Structure formats: C-alpha cells, structure tokens
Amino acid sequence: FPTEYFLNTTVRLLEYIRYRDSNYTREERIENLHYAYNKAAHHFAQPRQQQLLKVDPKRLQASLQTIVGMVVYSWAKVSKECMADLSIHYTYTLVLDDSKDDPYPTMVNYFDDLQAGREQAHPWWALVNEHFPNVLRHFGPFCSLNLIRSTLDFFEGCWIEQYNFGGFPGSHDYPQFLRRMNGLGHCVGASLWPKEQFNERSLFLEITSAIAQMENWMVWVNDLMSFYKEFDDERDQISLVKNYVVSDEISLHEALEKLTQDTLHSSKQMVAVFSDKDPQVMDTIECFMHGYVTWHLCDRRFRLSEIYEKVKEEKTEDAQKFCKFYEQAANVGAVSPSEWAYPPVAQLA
C-alpha cells in the first residue's frame, strides 16, 4: 500500500479545504449522534420495515451507525430532525448497495404503478417512497427534485453494480458514468440546503453550483479515503479506481494518480468559487468538507486507524502532518458507540 503518496495526497486535501477546528464540540456531537440514531433506530425497528427490508440485523445495525455518523458530522448546520430523516434515507441507500437481489423482476411495471399510485413491487422502493416525504419536508421544490433524481439514479447504479463489470477496455466514459450514477451526488449536494435556513430561490445559482461541484468532490474524496479498505481486502470488487485501470488500460498507480489530481483540483475550485459568496453558503460547504473528512478518518469502516501507528513515530513533512490532522479528528471525532448508538435496532424490534 503506497502510503507515501496516500499520505501526501491526504495532507494537501485537508490543506486545500482549510481543515481546522470547529465550534462543534464533542458534547454537541454526542447530542446529535444520539438524536439521529434514536429516531432512525425506532424507524427500522417497526414491523413493516423489519419485514420488507431483508437485511442481516448485524449489518443493518452497523450500516445505521456508519450513516448517522456521516450525516451528523457533515450536515453540521441543519436541525436535529433533518439529521435524523437524512440518516434514515442514507441508511436505506447503503442497505440497497449491499443487497444481492435481482431488480429486473420487480421493475417490470415500475412506471405504470408509479403513475397509477400503486405500491411498488420492489420492497426497497415501497419503503423509501413511503418514507421520502419525511425527508422532502425539509426542502423547497428544486432541492427536492434533486434528491428524487439522485436516489433514482442510485437505484440504477446498484442494478449495474450487481454485474461487477468494470467496463470494456477502451470505454473511457464508463468509469465516471457509473460512479456518478451511484454516488448520490445531487442528493448530498441538495440536502445541504434546508428551506428553514436557506431560500431556494434567492440562492438558486449558489445551490445549483454547489450541487454541480460538490457531486464530484464528495465522490472523489470518498474514493481516495476508501482506497485502503479496498486495495487491501478486496473481492473481485469494482471501484472508480479499479475501473479506470480496466477501461482506460492504465496501471493502478496511474489510476490512483488521476483520482488524486481530480480531488485536488476539485478542492481548489471549491474554495475559489465559494470563498467570496454568501457566508452562510460557504459555511455549510466548509462544514461539510471537514466533517466528511473527519468522518472517514474516525469511522472504522475505512480503517484509517491502522494507517496511524505505521507513521505516528516518524519524521516526514507529510507523515507528520498526517497525525496532526488525524489527532484533531479523534479529539472530537473519536466517540464510543456506547455513548449514542443504543439500544440496538434488534432490541427495539
């Protein structure tokens, strides 16, 4: 694992986005983490949700905790209710990402049932659409449209992913098409602007620009941070990086390099465009980038904890700034689940 560059890329990333301390205290996090987890936990524990959502309890439990953490840490400026409803929604998506059930049969009459107002045949659709208003009530019409499309796109993305296809060699457009497809980019980018805080019309241009730019920043940062939990214990898996290799016929290094260039360029442009815009907008954007990063560093799912010791006692200009940031993370990001994730969904169910 080329930690040398993995650590260089990472440093520049936090430097570009202006990584630093927030007035978001550890106590405030625990307060939010628990509120979001608690509402979401009661939701998934209901009989109907338990029945239609075929998920291994331990998996549902772990997915819910990872998501609540992602939301509470990145959507730092929205209400607790908004954090909770968004946690339920993104937990549905992470659960669909892991499903192995063929969609085809249940999508045969999708449109006619949609148009007729009949419950969808695919159970995931039946639950998500029934719950969707709980999320949409926090946004104006434009932002709501963006969340709906993004989730529909994401559904197709998971469909395509079940084929574990990295694309034909020479199909240069496939990698990013698939990533964008299941990256929930416009869902994340639009869910950052609750109508109780932002006026969708007054800031139409700002929000639309955020969605456009945040879509790529978010997916790319997630790919870079996930390069470890993936390059290590893979599984014939496909990924943006593993697809660049197969489709653009390049080396794993050339690929990971291409990603690094985009993530940095994307970070650079985020700052340039929004630094002089509405302070509230910039603030939400900055809080998301930093929180999203804190989330990757802290959450076990990405095992960035292992990438610690191997460099905690070194003397580099990168591997040394790595811990500085890493520790700032833990200083407020390292929180024991026992402090918020309880009781277990299974117990409530």
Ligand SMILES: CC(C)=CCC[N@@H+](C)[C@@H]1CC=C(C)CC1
Given for the second form:
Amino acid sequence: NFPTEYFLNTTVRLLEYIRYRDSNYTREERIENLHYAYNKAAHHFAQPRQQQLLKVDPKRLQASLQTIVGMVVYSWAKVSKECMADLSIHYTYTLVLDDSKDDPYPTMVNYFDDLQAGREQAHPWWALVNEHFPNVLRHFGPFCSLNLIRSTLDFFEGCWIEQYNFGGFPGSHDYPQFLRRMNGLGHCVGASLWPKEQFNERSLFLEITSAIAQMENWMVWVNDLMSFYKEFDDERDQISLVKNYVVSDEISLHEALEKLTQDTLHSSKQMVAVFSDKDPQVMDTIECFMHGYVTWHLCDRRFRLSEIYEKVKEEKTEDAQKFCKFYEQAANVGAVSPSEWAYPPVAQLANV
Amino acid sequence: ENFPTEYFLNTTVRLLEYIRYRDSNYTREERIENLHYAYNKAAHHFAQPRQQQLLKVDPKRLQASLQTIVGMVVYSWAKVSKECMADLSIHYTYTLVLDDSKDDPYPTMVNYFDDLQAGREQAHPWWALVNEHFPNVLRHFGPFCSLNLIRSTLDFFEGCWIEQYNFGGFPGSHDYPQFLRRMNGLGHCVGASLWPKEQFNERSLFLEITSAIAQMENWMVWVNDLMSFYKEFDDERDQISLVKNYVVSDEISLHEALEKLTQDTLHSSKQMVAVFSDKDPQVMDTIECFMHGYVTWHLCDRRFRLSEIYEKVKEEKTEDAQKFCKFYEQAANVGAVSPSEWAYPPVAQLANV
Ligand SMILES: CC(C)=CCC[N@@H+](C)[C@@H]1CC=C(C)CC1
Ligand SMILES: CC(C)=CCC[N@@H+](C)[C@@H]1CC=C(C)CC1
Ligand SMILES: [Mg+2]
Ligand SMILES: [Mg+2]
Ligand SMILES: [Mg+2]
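Moving on from the form solved without this ligand, kindly provide the form solved in complex with this ligand as a structure.
Starting with the chain above, the whole complex follows.
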C-alpha cells in the first residue's frame, strides 16, 4: 500500500524549502515553444527509418514524445527553440528505452570494434541515437559534448542493469546510488544547459563543471521523490533508488524516503549557497531549470500526481492542503492542453 | 602540521584487519615471472616508433610509470592470465601517463564525436593510441565488462581535463570532491577488468560482477587516497586531492577531512567482506586477492614512501605500531622485489633498436 501520508509530508517539505514558483514563461511563450519542439520531433520520429528501427508501441511513442517536449521546454527555459527541439528528440530516445524490456547483450558483442571502425551499431537504439547525436551536439562546445556522450552511454548501461530486476545484495551500501548515477543522465542534462550560443565553455568552465557535479544529485533525487507515485505498483520500475535503499541498506521504506528527502533538502541548500554570488546568466538558467523541472513533475501525465490530488483534495491535514495548493500553483502555469501544441499525432505523419 | 602518524597507523592496521590481510599461495617467484612478462610486452609496445612519437612523455617518467603500473596490475589482478595482466598494464600505463600533459584538450575534442562516428583517427594523439590498442584489452572480456572499461576510460579523460584547472571546488560545493574522484578514479574500469570471460561467465555472474564494480569503485579509490596521504602531506605540488578538496569544498579541517576518508574507507571495507564472504568462491577470491595485492603494492612501491613510516615506528612497543610493522614485513617478504629482476631492458634501449 502506497504511503500516501508520508508521500505528502516529503513532497511538501521539498516544495517549501525550494520555495517552488514557476515564472519561466507567459502562457503564450510556453505554448509557442511546446509546439515548436513537438513539431520538429514529431516529423523526425515519423520518418520510415525511425519508424522501423525504434521498437515502440505508437501510443507509447506519442505519450513519451509529449512527455519529453514538456520536460525540455519546461526546464530549459533559456535556450533556443532549435535546441529545445533537438534535445526533445534525444531525451525521447532515452525515455523510450527507460521503460523498455530488452536484452542488449547480443547486439553489444561488437560494440567497440564497430564504433572504432565507423560501422553502424547492431543495436537499433544506438544506430538511431548516434546518427542523430550531432544534431544535439552542434549546440555545445567540446567539453559539454563529452559530458552528453558519456552520460548517454552511462544511461544505456543503467537500463541494462535494470533488466535483471536486481536491487542489490543486502549490505551493498554503495549499489543504490551507483545505479542511480548510471541511469540518471545527470551529466547529460547538466551539460546540455549551456549552449555555446549563450555561454562560453572556456570562460565558465568552472561554474559549468560545478553545476554538472551538484545538479546531478539534486536532479535525480527530485525525480526519485516526485516519481515515487507512478513507480510502485509498476513492474518495469520497482528497482528504484528508494526501494534499493530498502533492500541494500536493510531499512524501512519509511527510512528510505526520509533519507532521500534529507539528501535533497541538503542538495538544494548547497545549490543556493554556491550559485548566489555567481554569474547572473548562470544563476538564471539553474533557477529556471529547478522550478520548471518541478512544474513538469506536478503536471505531466507520466507521473499521475493528479491521482493523488483527487484522492486528497478533501480532508484538511496541513500537508494535504499544502500539497494541493502547490499542485494548483503549477497547474495554473503548466497545465496546458495537448490540443494546443501536440498535433498532429506522430502516427499520422508516419503514414502520410 | 606534522603527519598524524598515530591516527594513520591505527587506520591502516584496522583497514588490513577488516579485509583479512594475510599470506597467500602467490609466491615471490610467480610474481617475478608475471612482472617480467607484463613488463616485457608493455616495454616492446611503448618502444615502437609510432607509440614513441605520438606519446609525448619524458622517457624516465614513462619508464617509472610503466614499472608502477605493472606492479599494481601483477599484484592485484593475481588470478588473470599473463596476457591479460600484460594488456592491462599497457592500458593503465596509458592512463597514468595522461596526467603528464598540460595541453588543453579543447582544440582536440571539437570533432570528437564526428570523428568517432565516422571512424576517423581521433585528433588527440592520446585517444588515437588508446583506442587503437583497446581491442587487445577488450578481447579478454564480455560485452558488459567491455562497456564498463570503455566508459570509465572516457570518464578518466574528462577527469584529467578538469584537473588541468587545479580546482578543488567552490566552498559549499559538497558534491564536487567525490564527483571529481570518481571522474578520474577508473573504478568501473578496474572493477570490471577483474572478470576475464575466460574465467567467469558475465551473464551467470552478472549480479555479483555489477555489485563488485559498485563497491570496488569506492574501495579502490579511497584506499589509494588513504595510502597516498603520507606522500602528499607536505607536497606543495599536489594541490587537489579528495582530502584537500573536502577541505576546500566542505570548509572543514584537514583533520576532519581525513576522518571522513577513514570512515568511508573502513566502512567500505567491512561491507566488501560482509557481501562477498558467502557468495561464489572464485569471485570472492578475485575480490579478496585484489584488496590484498592492492595493499601490498602500496606498501612495496617506493612512490608512496611508506617505508619511511615503517622505519620510524619500527621499534615502538605500541600495539598499532607493531601490527603495522608486522603487516609491512608480510608485504615486503612476498612483494618487495628489485626492479633489476624483472623490469629490463629499459623502454628507451628497446626504442633505439
Ligand atoms: C528522461 C529520462 C530518459 C530519464 C529520467 C532520468 N532523470 C535522471 C532525469 C533525466 C532528464 C532531466 C531533465 C532530469 C533528470
Ligand atoms: C596508479 C596510481 C598512481 C594510483 C591508484 C589510484 N587509481 C585511481 C588509479 C588511477 C590511474 C590508473 C592508471 C589506475 C587506477
Ligand atoms: Mg530509468
Ligand atoms: Mg523510470
Ligand atoms: Mg523516477
């Protein structure tokens, strides 16, 4: 049974400590970027090649795409429309894999030789991601690029490990976070925040590196907390930082949630301490990302947090009320109807 | 000021007890057979004209580096084949050498992905040599382990990039220190290179391997930080290290920073045993031998100067001081080997031929 009571307690503390407040866009801008990113991505995923090598159920691709276009647009508020679109494609390729069930082993036997030789990878996912990667990379300098490349490779290994539905040997205190960094795309996300068009990678090398290092944790932990609801009675998940803290450190689900919350509140505290007296343009990007990322969690269908707002809409219990106020705050800014941007469906473009 | 000899001794002794440091069926003669085999293959590789011209390293430094790495590999990867130790000695010597360059990677990384995707030789000479040699290392492993080596080496490259900035982290940037240490730790490379497919079934042992990688990453780097603490204590050239970065980033004292490292190191040690004690025998043995050899390597290799500590507490009636000396003599007994017995001829001589 889902610990609704604690779920509220934990989420509320987080939203209050960070003083959640999304002011990233005017409703017209939001809609304008959502459509742009979706349109370029939709046309991309509708091509016969992408349609045939990417093994995904149409209704699932469509949902994944709209979920990512939101994530990108809602959290990368300061980058260009082109950048948002190209990033939306990359992170859609990753989300599709994130929910998948496949054995990479057979198609990874000649990974390095094919890579070094320039031959197309045998694993369809890599074939599509690597072929499209330059469209994402043209937006960044060499350092950030390397970070995106590494993180995507890490993420791939992370989905691989998860295929074994293994949560760690009891007593393996390092396994939980080892896996979370693997599947976190932390460095990919943190480095994709600095397009060379807006930032000089050599002038801000230290601030960017720091942002990557620190934002990696804040970023993953926030999702571990916000996405705790959709992940639970879900088979594909189960193997999560929270539930692995349970199996590996042999503690109660209750203690795992509290542990995660303290890490996050701490990660949040230091984000502020370090990036307050720094380059304004840098702070702005971090700020927009942090608040926007939270708005996306409270709004997007993938996380089904409305199924908790409705089942807690009543009953006054301090947390329950504080949660619904936040849920509404975000709902008022990012609860944009799909029919206003996510059109036409990918399936329709594919069969044109 | 003044090295915490007491605290240091206690921590090391506890470390060696927690891991069950003890004698092994690995002799001195076998070590010498392995040392010379790995050294000989590596020396011939680095003495080739191509390697000699793309790897801008001072010859004496290359010579000393190769000898440090061969020792590390032959002593810690005790269960793998001679070829495997040899090929890993080459890879790890390449990585250790990358630290000798100040040259900004930026200009050479502008087209990293495009050259990689197209199959054109990388612009950064280091990658050119390393990627060209990698298959010799990879043939010894399954696809999963391979991927780990590849990632960790890519991580290591970025780590060296970052280190060129001599940056210990902004005060209050608590996550910076460990983020950096993992970056250039090679943990996943090390951890996964302990399971040759010839001796292990990556698929059947997937869970124990993934677990060893996870736990070995932190053990391997923290033990090195701990044992390197003496050699880096007064060294004003070494300005950024996990411990010094904890000081700058967390805003605590060198002492408190050392305490943090100790607690992590010791804790990591207990869980290593507590997790692999009952698991598969061949696996626990590889893990068991890695920890012991890794420690022996530190105690015997002169780069860490631990003999200076041994030679200073050699005659004190303290308990720790004695257990330390005892341990050290166990190490020296089986590991203190003269380079003239295996490391010959010098790479330079092979180069002129
Ligand atoms: C998007 C996918 C495929 C997986 C979720 C992994 N998380 C670590 C997120 C990755 C993207 C952002 C913006 C934040 C953290
Ligand atoms: C080899 C030395 C000097 C120290 C041990 C620390 N590890 C993190 C090493 C980093 C570089 C290599 C090649 C292997 C592992
Ligand atoms: Mg995932
Ligand atoms: Mg998931
Ligand atoms: Mg999640």
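Residues that one form lacks are left out of the comparison. Definition used throughout: the rigid core is the maximal C-alpha set that superposes within 1.5 Å between two forms. Residue numbers count along the first chain shown, from 1.
Where among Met70, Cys323, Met289, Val55 does the Cα move by 2 Å or more between these two forms after the core is superposed?
None of the others reach 2 Å, which leaves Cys323.
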